[PDB]
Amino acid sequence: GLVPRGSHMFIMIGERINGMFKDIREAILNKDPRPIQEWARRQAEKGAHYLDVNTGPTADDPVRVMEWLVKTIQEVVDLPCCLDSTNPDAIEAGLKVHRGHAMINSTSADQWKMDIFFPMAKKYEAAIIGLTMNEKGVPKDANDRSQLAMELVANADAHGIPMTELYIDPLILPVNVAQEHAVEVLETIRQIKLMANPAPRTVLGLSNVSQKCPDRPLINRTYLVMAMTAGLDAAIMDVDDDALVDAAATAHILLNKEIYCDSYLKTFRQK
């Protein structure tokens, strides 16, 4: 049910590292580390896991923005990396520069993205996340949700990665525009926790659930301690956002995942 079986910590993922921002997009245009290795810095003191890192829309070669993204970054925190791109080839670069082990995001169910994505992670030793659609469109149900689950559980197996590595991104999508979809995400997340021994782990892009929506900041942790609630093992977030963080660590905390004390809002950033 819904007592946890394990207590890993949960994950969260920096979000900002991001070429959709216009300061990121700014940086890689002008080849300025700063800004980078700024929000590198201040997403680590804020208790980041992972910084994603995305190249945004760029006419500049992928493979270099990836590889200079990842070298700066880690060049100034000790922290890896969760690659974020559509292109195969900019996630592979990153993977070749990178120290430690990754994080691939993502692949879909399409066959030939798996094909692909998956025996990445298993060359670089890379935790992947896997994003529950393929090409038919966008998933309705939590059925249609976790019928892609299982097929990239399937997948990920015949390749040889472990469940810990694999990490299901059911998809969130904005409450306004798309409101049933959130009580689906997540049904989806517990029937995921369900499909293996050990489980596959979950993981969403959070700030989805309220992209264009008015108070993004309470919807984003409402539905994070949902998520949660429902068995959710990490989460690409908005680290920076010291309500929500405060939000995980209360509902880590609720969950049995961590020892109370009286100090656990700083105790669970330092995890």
The other form holds:
Protein chains: 2
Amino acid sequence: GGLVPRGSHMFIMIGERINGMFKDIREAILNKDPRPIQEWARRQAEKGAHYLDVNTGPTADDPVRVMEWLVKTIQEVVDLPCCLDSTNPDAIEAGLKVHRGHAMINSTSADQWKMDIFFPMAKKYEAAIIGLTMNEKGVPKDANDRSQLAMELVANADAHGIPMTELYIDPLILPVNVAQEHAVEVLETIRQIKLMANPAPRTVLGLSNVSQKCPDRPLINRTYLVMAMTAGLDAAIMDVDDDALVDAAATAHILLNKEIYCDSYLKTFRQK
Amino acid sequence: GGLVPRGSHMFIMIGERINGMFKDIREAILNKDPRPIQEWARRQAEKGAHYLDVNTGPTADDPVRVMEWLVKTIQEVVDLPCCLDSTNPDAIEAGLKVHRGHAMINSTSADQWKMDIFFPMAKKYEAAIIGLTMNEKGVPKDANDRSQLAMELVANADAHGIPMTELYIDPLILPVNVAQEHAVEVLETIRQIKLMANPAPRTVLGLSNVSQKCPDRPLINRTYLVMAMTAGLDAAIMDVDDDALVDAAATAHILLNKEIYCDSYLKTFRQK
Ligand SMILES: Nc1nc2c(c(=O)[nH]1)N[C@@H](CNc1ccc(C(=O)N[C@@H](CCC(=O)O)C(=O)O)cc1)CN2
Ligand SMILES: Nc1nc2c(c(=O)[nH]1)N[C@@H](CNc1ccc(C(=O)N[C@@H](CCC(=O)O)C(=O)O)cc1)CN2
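Coords for the form deposited with (6S)-5,6,7,8-tetrahydrofolate bound, given the form deposited without (6S)-5,6,7,8-tetrahydrofolate:
After this comes the whole thing, all chains and molecules, with the earlier chain placed first.
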């Protein structure tokens, strides 16, 4: 370490776009139209996503059915794993049941009853699992307070036999315009997490959160991603359709010496 | 700390452009034409530089006279301090003698006879001083080996009564295409330096080195600057004419919480 990364694993890009918070996805789900879902699956895959996040959004429909449908629909057209994005454990498990390959669970909080439910499920289905550094008492402001919750996630994951390489800790980034002070604490938390065990737990962020409902988001997203990667970030749920963002990531990845430099590294990175 | 900065000092931009390695500067110096020097002084000032680097470049002329002339010529049209960029101590001192305000000396190596000459000169003229993490044995590859030389710089500066706030340690960045492995070690060195004393020594880089004689430099420069700033960088000799670079810096500066967020932060940053 500290800033010299222990490993050289490719940065993991999790395409954010198949998420019922978006109208087109919400309506495709309403009309059970698989076309918009498959279009976004293909697009994200073509941009180099390693996982596709899958989030039902708000719905009065049975989320179990919706999640199932999304997963099957996506995996019908691309050979990519899903990052199953829900607080509903039955929605998650339904997705895991029809999922081809190793999925990612998104996510468990540091709440004990959440951990007790989600960890055995990741173990059972051999899925990676995201653990958010938060509980019912809320999201901690301080890096140190986030880190405690991180420690608690590590302990529980390990207690379920889940390897650290399968555990992705999310310190929860918040919009810089209304929660500016969090952004730097998150960086420091990422650094701390990378110290917690050997091998270390991985780290992940909902990157776009940092600019949500801010003006001129693309600059802010790509700046923060570079900062986070520097701090040790292993993965991000992010807009893989943003070419400038992915260029930024590929450049940081080279500058961290995790992939051998060549003149065509911007392309190389997207294939990896 | 660690990544949460102790302070909130504005990032220090040192305009790189008045440097005899550039033909127009070299020729302005040859013809003793003050116009190109003053033009670049004004331009850089308008882009928000806090210092202007001043480097004679290669010349068969008396560097003492050249440096004097450059400093007077620059300060004739802008109210900015100079970052006097030479290995010739008499060139440096000549510049310090005619310099208006507090200059920066660029630089001393960790060579003992260099330190013994340059440190008393900074003290005497009340100039900030850059110390490069290198000596006659060469530039160390490892962060740890760079850090030792950093430690030696701190010790000597302190032994001359120079405050840490006046000492800028340069771990020497090298082009990523031929010395890729250095870039991450430099980051780790910056982090380490920020730990060496209280208050900590400052840090600085010749940023453009990272892409020198590489294709598509602007992306690489701005990515690395963001990484370096994240690691703790306080200043950089850089191309302040590169708007994308300065946007990148301003965004990182906000994300580090060193300046209160507002929607117009890209402008705000350039005035500060
Ligand atoms: N583990 C984890 N999972 C997450 C998040 C996280 O943090 N951590 N955060 C979220 C990450 N995904 C997104 C997806 C889109 C946006 C986004 O920004 N949406 C547009 C929608 C615009 C439109 O509707 O057209 C907006 O402006 O609000 C933000 C985060 C959801 N999942
Ligand atoms: N303390 C310190 N001082 C420094 C450096 C450093 O590290 N540390 N490194 C240098 C930083 N300044 C520059 C200025 C320009 C360029 C640059 O890249 N020049 C163009 C010139 C093109 C042209 O001639 O038109 C090029 O392509 O080579 C690189 C570093 C000099 N001073």
